[PDB]
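*Asks:* Chain residues, written in single-letter form:
Protein chains: 2
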Amino acid sequence: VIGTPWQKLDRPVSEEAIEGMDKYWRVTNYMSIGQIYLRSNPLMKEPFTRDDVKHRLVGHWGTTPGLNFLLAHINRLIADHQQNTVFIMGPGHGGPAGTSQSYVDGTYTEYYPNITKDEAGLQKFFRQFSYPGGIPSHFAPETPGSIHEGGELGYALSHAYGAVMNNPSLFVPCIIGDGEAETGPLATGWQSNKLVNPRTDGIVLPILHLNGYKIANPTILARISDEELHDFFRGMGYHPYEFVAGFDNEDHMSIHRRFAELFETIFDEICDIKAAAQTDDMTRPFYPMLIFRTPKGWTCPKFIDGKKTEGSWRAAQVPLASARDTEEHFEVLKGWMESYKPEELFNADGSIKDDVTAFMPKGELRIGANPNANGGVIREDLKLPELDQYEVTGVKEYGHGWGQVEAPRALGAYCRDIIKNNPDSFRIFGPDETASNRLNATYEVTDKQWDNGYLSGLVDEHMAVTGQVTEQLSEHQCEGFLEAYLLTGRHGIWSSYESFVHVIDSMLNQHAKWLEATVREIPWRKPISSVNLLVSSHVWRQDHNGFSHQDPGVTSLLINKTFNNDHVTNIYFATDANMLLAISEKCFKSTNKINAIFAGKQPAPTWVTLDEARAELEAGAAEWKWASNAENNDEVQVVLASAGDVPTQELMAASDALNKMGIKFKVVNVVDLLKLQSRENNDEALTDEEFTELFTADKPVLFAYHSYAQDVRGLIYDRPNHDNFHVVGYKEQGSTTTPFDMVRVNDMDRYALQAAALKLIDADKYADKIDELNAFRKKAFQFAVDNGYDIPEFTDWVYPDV
Amino acid sequence: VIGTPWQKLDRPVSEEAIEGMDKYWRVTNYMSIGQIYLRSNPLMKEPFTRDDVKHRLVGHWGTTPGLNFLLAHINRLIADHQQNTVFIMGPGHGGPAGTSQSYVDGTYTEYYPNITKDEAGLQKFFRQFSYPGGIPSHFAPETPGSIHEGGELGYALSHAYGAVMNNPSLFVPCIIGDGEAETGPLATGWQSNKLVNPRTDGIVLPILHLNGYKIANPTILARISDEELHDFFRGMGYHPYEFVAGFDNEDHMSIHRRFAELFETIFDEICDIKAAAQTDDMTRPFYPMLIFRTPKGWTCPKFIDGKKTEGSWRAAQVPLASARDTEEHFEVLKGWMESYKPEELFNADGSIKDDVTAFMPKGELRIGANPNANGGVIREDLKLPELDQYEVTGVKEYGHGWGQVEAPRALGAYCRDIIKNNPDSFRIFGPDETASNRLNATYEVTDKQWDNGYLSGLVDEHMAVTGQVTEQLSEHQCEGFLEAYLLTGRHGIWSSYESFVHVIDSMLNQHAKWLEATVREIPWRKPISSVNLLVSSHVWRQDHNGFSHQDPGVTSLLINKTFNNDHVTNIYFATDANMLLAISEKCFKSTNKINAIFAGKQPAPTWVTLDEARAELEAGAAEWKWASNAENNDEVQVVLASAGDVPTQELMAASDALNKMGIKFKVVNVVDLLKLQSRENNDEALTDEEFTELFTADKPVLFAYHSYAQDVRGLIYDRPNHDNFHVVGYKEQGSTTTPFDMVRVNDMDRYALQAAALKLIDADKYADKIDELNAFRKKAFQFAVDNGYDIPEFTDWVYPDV
Ligand SMILES: CC(=O)c1sc(CCOP(=O)(O)OP(=O)(O)O)c(C)[n+]1Cc1cnc(C)nc1N
Ligand SMILES: CC(=O)c1sc(CCOP(=O)(O)OP(=O)(O)O)c(C)[n+]1Cc1cnc(C)nc1N
Ligand SMILES: [Mg+2]
Ligand SMILES: [Mg+2]
Ligand code: NA
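From first to last, the protein sequence lines are chains A and A'. A prime marks a further copy of an entry chain.
Under PDB author numbering, the first residue of the first sequence is numbered 5, with each subsequent residue one higher.
Under PDB author numbering, the first residue of the second sequence is numbered 5, with each subsequent residue one higher.
Some clues are possibly wrong.
Any copy, or any two copies together, can satisfy a pair, since identical chains are not distinguished.
Unchecked claim - Straight-line distance between alpha carbons at most 35 Å, and here's what the computed DSBU-like set of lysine-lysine pairs gives: (1) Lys629 with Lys664; (2) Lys424 with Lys312; (3) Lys357 with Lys590; (4) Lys735 with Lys128; (5) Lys424 with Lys311; (6) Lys121 with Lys311; (7) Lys783 with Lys121; (8) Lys338 with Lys763; (9) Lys769 with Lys121; (10) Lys387 with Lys763; (11) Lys782 with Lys49; (12) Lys773 with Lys345; (13) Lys783 with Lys763.
What the hints contain is simulated information worked out from the structure, not anything from laboratory work.
Just chain A, with the same shape it has in the complex:
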C-alpha cells in the first residue's frame, strides 16, 4: 500500500506549507525561464549579459507558470495527506514545469547524476532543455513522473482514467489544456466517469487549465458564459468548483491560502466519495472537477513592446525573442528573472534552500518517484493458463483445412481464464464490439463494467458496476484507457473492426514513439506490458456493412515504426485459431511492444495444429510441406505464398486445383510480417538464406496478401528473388455483397489466384485455361446475383486432406 489513501486533514493548511508553496512556485518559474533562455550563468552572477542567453530561443512559456502553481499545490497535498498520486500534464509542451518538478523533488539528480544540486548542475540543467545533445521540449518519458508526454493533445483524460482502473488507492489530478479540451478525444474523455467504480478504481480529478488561450486564439471554454461552463461539467457528472486568480492585485500569499483551502474542500469531497463507496458502490457520485482560471503566461511581463503578453495568446511561445540580440529585450528578461528573487531561493553554492522543499513529499510519494509513473517497476508477469487446452484438435483428428471454427472464440476462452487467474490486472476494452469480435467467453467470469443507470435484467446482461471488460463507442477511449493501464504496470487487450482502427492511428504513433525513446535510452523506465490489439471483422467479411468498413491499412502505418532495431512493433496474421493462440501467448508475454493481431471472426478452416503454429510463429514464415507437391525448390514451378485467413483459404483452394492440373509448387504461409524485411533493416528477420529457402532463388512467387500490396513490395525490396514476387492485395474494391464477390473484385478469389499462378508459369500455354477461370468467376458472380447466395462449388469446398 502506498501512503495512507483518502485521508482528510481536519486542520487548516499550515502557514509553513503556504510559504514553501510560494517558494516552490517562484523557484520552478525561475528555473523554467532558465531552461528556456540561459546557456550559462544560471544565478545571474556578475557579469550577467546577453552572452549568457541561448542563441536559439525555443519553448513554450505560457502554460508553464500555471502548471508550476498547480504542482506546488499538488505536492503540498500529497505530503499532507500521504496520498499515492500520479498527475497528467495535458499541456505537455510545459515540459519545464515537469523537469523543474523532478529537479526540486530530488528524482532528477537521482536518475541523472550529472545534473547535480548546485550551481554547476543548475547551469547544465538550464542549457540542456530543448538543446542539441540535451533533453526534449515536452514532458517526455525520460522525465521522472511522466506517463503522458502530451505532445499530440487530446488523450489526457483517457490516460488519467485508464491509470485509476483497478487502482483504488491512486489519485490522479489530470491537468487539461483549455485548447486541448476543443479536441474530439478530450471531449469524449470527460464521460469516462460513467465507466469507473469509486470502490474498485481510484479517482481522477480533472483540472481544466483555463488560461483563456491556445496558441493564437482564445479558447471556446474560456469565453462561453460561466453558467454554460458549469452546466456543461455538471451535465457530464461532475461537481464543478472554480478558482480565479492572477487577474487583479491580490498578493501571491493570499492566492496560495485561498487555493489551498479550496483544494482541501475538493479533496475532502473525494475522501467522502471514497468512504461512501465502501458501503454504496452502486450510486455514481458527482466527482469534483476544478475549473482553474488564471492568465496565460502568469507572472511574465504584462506588456512587451506595447503588446499585452501576460493574459494573452502572445504568452504562448517565447516572450522576448530578441533577449540575446538587443539590450532592450535583455533588460526585460533580467528584471523578469529577478522578480522571483532567486537570492532567497538558492544557497551561495547554488543548491535550492531547505526551506523551499521542507513541505514536499518524500520517498516513493514524490511525483518523480511514484512507481505508478514507472509502472514496469510494479508490473508482474501474467499467470497464464496452459495453451494446449484451447487447441482446435480437429486438424490432428481430421486433417489440415478442417471445420468451421470462428477463430477469436479460442482467444476469448483463453482471455476468460487469464482474467480468472489475474482477476484485477488484465482488462478487455472494446468499442461496443467485444461480442461482435467474439471475445465474449470472458463474460463467463466477469462483467462489462458500467457505472451509470440500469433498467432491467431483460436488457442489462453481463454488465455490473464493477468488472474487467470496459466498452464505449470510442476507439480513442479504448486505446487511451489501455495505454495508461499498461503504463501503470497492468495488462490487457482490446479489439476493433479493422477499418476503424485507423481512428486511432495517431495514438498508435505516439505510443510507438514513447516505446522507441524508452527502449533506446531510458533504461530506468522498466518494461511495460504491450498494447495487444485484435484487428478483426476484416475487409473480406464485413457482411452487414460495406465499403466504409474495408480498409486493412493500419498495416501500412505500423510499417512506419519498424526502425533502428527498436523492435517495438509487430504485425501478425493469424492463419487460424491455433495460430491466433500461439501469437496471443507470445504477445501476452511480450513487453514494450505494440502487437497488431489480425484474425478473421467468420467461420473458417483450421490449417495448422497448435504445435505447428508454435514452430511456425517463431520462424515468422513457413513452408507447409504437407501442402506443397514439389520435391525440392528446383522442381517448384511457382511459390504459393499467403498472409491472412482469407487469402490463405483462397490460395489453398487454388493449390488443390493446381495440383490436379499437374502443376508443381510449394505453399509458404506468412505470419510474422516484418520477418520478411532484410537483416539490414531488421536484425531479427529471416536470414537471406532462410528467405531463399522459403521463396526460392528464382522461381515466380504468387503472394496473396490480406492488406495493400504496397506493404509487401516495399518490405522485400532488397531481398533475393523479390523481382519475381507478384503481390495480390486489397485494392479498394468491394461493397455489401457475398464472400466470393468480395475476393473476386480484388482478384483474390481462388480462381483468380489459380489464373495468376498459370500466368506466371506460362502465359501463352495457359491462355485458354486462364480464360476459362475468368469466365468461371463471372458465372459464380451471376449465380450470386440470381440466386442470393454463392455457388455451392465455391462455398462447399474443403481442402482434400480432411
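We have chain A; now place chain A' with the ligands onto it with these hints.
*Replies:* For chain A' with the ligands alone, kept in the frame of chain A given last:
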C-alpha cells in the same frame, strides 16, 4: 433562393398532414423490412412463403424505424414551411430509411429508371438492398439526399455545421446516434455553434436519436439522469427539448400530433433566432436541439424467442435470423410486415397511393432533389487571381537557390486574393495553426469567425462574429467542416502540422472512398471541389517541439487510395514557393480529389522560377539541367533525386560538393509523387520511357525522400532500374535540436548524402573520403552542442548559381 426560408406556419399542422405522416412512416417501415428480408413477392401476394425470404439476411433494423419517423416529420416540415433542407443521417447503417425516403419522394425512380413505382420496381428495390450487384447497406453517395454515409460514426455534426457555413437559407436537421455521441469527434462537434453566425450561416438542428442502445450495450447518454442530460446540452449552448414516445400504449396518431406540435415550437424558435439575427448578429443564441427518446427497433415484435427485442440492443442487427429456415420465424415476420397494413398503402398495381405522399415536398425542396445534397450542381469555378503576381522573382534576378523565403507566405497571399474574389464561397480552416503555418496574409481581407465571448482589442485581433477563416483546436472539426463545405458546392483549404494530420487519417479514408464510388459509378453526382490540405511545420523543422511532432507518414496512408485509375488522391511536394503556387492553382482548379500539399514553412532557398514550376509540376518529376553537370545519361555516375524542400536543399548542397570533386551526375526533382508509379498502376504516371530518361537505364540513383523510404520503394517496384535506387527517408530519429542535427540523425544531411553518393559510385575508392564526411558530421554536431547553433559552414551555404 430555394423556397421561402425561416417562415413560421401560424396555424396548427393539419389533420391531413398527420394522416400522411403516419402512412409515410408505415410505408417506409414496411419497405425497410422488405429491403432487409425479401427477395421476391414484396406485397405478400398469395402464396407468400419462406421461399420469398433472402438466403443471406444482412442489415440493421434497430435505428431504422426512428429515422423513418423523423423523416416523415422532416418531410412534413419542409413542405409546410417550404424550407431549403439537407438532413444528416449519423446512423448511416440505417440505409433503408434513406433509400425508402428517396423512393417515396420520387427521386429514386428519377435517378434509377429501372426501379419503377409499381410492383415490379418494388420487388427489385427490396431484393437489391445489401445484395450482390445491388446497392450498399449504408446511406451511400449513390442515394439521392446523402452527403454523409455515416459508416464510420462520429462526423455527423462537423458535416452538418460545415454544410450551413455561408449557407444562410439552409436548415440541417442532424440525426445523431446515441452510440455515435460516445465518439470523440461527435463530442467535440457539439461545440461548433460557437463558430457559426446566425445571420451569415444557416442553422443546424441536432437531433439526438436517443434509442437507448448501441450494438450490444446501452448508451451513456440514455442512462445518465434527465437533469444531467439537459444540463449537458445547455452547457454546450443549446436549448434542449425532449420528446419521449413508444414506451407505453399511446396510439401512433397521437404520437404524430404531439411530435408535430413540438417540431413546430422548435422551428418557430429557429425562425425567431433567424429574424433576430438580421438586427443583432453578435449575440450567440441558444440554438434548439432535440433529445428524441424512442425504443430501438420501434414497432418490431416486442419479444422474439422469449428475448426483449423492441426497446433493446437486440433490435440492432437482423431480428428473426431464421425467417427463411423455420416456419416459426417466418410467421412472426409475416405478422410484423402485415401490422403496417400495406393493403392501405399500395394500389393494386403496387404503386404507393397518392394519399401517402400528398403531404410531401415537391421539386427541388425534396430531400433527394435538393442541390445542396448534390453540391457539384451548385458549385462554380473559383475566380482565381493571376498566379504570376505571387512569383518569387529572386530566382530569375539572382539565381537558383536564392533567398530565405517562407514558402506558405506566397500561398497565403494567393488565398487572401481568392477570398477577396470569392468572398462567401472559399473558407480556410486551421486547428489553431493558420498563423503558425504562415497563411495569415488572409486576415488582411477577412477575420477568423468567432461567435463566442470577446474581451478586448488588446487580445482579440483578426477575429469577428462573421469571417471566412475558422479555427478550432480539432483536426476532426477542420476536416469535417471542410468536407461538407465542398460537398455543398463551395471551396477552400486547411493546414495542419504534418504529424497531426494523422488524427484524421480515418476521415481521409472515408472521404477518398466517397470519391471512389462517385467517380466510378455515380455520374449524376456532379464533381465537387477537392479537399486541399497544406501539410506543413514538418518533420525536419519542428524547432519548438520534438519527436512527438515528427511523423510524415500520412504519405503512406494516402498511397492506399491510388487504385483503378480513380485518380482521387494526389501527394505533392512543394520544392519552394514557386512550386507551391503552381501546385495550389492546380489543386484549386481540380475536382473530386484529396490533394495533400507538403511544404515547409521555415526560411528556405527558392529553386525554380514560376514558369519552370508550371512545366515541372505537369511532368511530375523533372531533371534540373542547370544543376546537372553530366553531358548525357551515359556519362552520369549517380542520379541525385529528391522530394521535399529539406531533402532537396541537402541534395543540392551535396551536388555542389560532388561537382567540386569531379563527380558526374544529374539532378532530378520529384513533385508529383504518384507519377513515379508504373502505367500499369497509374495511367497518368510517367511512361517507362520518360522514367528511364529521368532516372537512367542503369546508373545508381540516390533518392532523398521527405517521408518514409518504404513509400518510394513500394511505388517503383516494377519500374526500369528500380534495383539501383537507394532511398533515404525519415527513420524515427530526432528530437528538439538544431536543423542540422535533425537531418544528421536520419542520414539526410548533405554530408551523408555526398557519402552515400560516393558509396554507390565506388565504395573502395572513396572509403577515406566517406570517413572524412562522417567525421565532419560528428564535428558539426559537437559544434552545435558546444556552441548552441549550427556550424556556419552548414548554415551559411548558398547554391553557387546565386
Ligand atoms: C505544442 C503544439 O504543437 C501545440 S500547443 C497548442 C495550443 C494548446 O493550448 P492549450 O490551451 O491546450 O494549452 P496552453 O498552452 O496551456 O494554453 C496547439 C494547437 N499545438 C499544435 C497541436 C495541434 N493539434 C494537436 C492534436 N496537438 C497539438 N499539440
Ligand atoms: C454499423 C457499424 O459498423 C456500427 S453501428 C454501432 C452502434 C451505433 O449505435 P448508435 O446508438 O449510434 O446508432 P443506433 O443504431 O441508431 O442505435 C457500432 C459500434 N458500429 C461499429 C463502429 C465502430 N466505430 C466507429 C467509429 N464506427 C462504427 N460504425
Ligand atoms: Mg490554454
Ligand atoms: Mg442508439
Ligand atoms: Na528489384
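*Asks:* So, for every hint listed, does it hold in this structure?
*Replies:* Cross-check of the supplied hints:
Within a single copy, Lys629 and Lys664 get their C-alpha atoms as close as 17 Å, which meets the 35 Å cut-off; across copies the closest is 58 Å, which misses it. Within a single copy, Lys424 and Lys312 get their C-alpha atoms only as close as 60 Å, which misses the 35 Å cut-off; across copies the closest is 30 Å, which meets it. Taking the shortest Cα distances, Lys357 and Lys590 never come within 35 Å of each other, neither inside one copy (51 Å) nor across copies (64 Å). Only between protomers do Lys735 and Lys128 lie at most 35 Å apart by alpha-carbon distance; the minimum there is 29 Å, versus 54 Å within a single protomer.
Taking the shortest alpha-carbon separations for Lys424 and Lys311, only the inter-copy value of 29 Å comes in at or below 35 Å, while the best intra-copy value is 62 Å. In this assembly of identical chains, the alpha carbons of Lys121 and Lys311 never lie at most 35 Å apart, being 37 Å within a copy and 69 Å across copies at closest. In the homo-oligomer, the alpha carbons of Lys783 and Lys121 lie at most 35 Å apart only across protomers (31 Å), although the nearest pairing inside one protomer, at 80 Å, exceeds that limit. In this assembly of identical chains, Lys338 and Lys763 lie within 35 Å of each other by CA distance neither inside one copy nor across copies; the values are 77 Å within and 52 Å between.
With identical chains, the CA atoms of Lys769 and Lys121 are never at most 35 Å apart, being 81 Å at best within one copy and 52 Å at best between copies. Proximity of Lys387 and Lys763 under a CA criterion of 35 Å is satisfied in neither setting, with 51 Å inside one chain copy and 52 Å between copies. Taking the shortest Cα distances, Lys782 and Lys49 sit within 35 Å of each other only across copies (33 Å), while inside one copy they are farther apart (86 Å). Proximity of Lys773 to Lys345 under the C-alpha cut-off of 35 Å is found in neither arrangement, the shortest distances being 89 Å within a copy and 55 Å between copies.
Taking CA atoms no more than 35 Å apart as the test, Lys783 paired with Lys763 passes inside one copy only; the shortest distance there is 21 Å, against 56 Å between copies.
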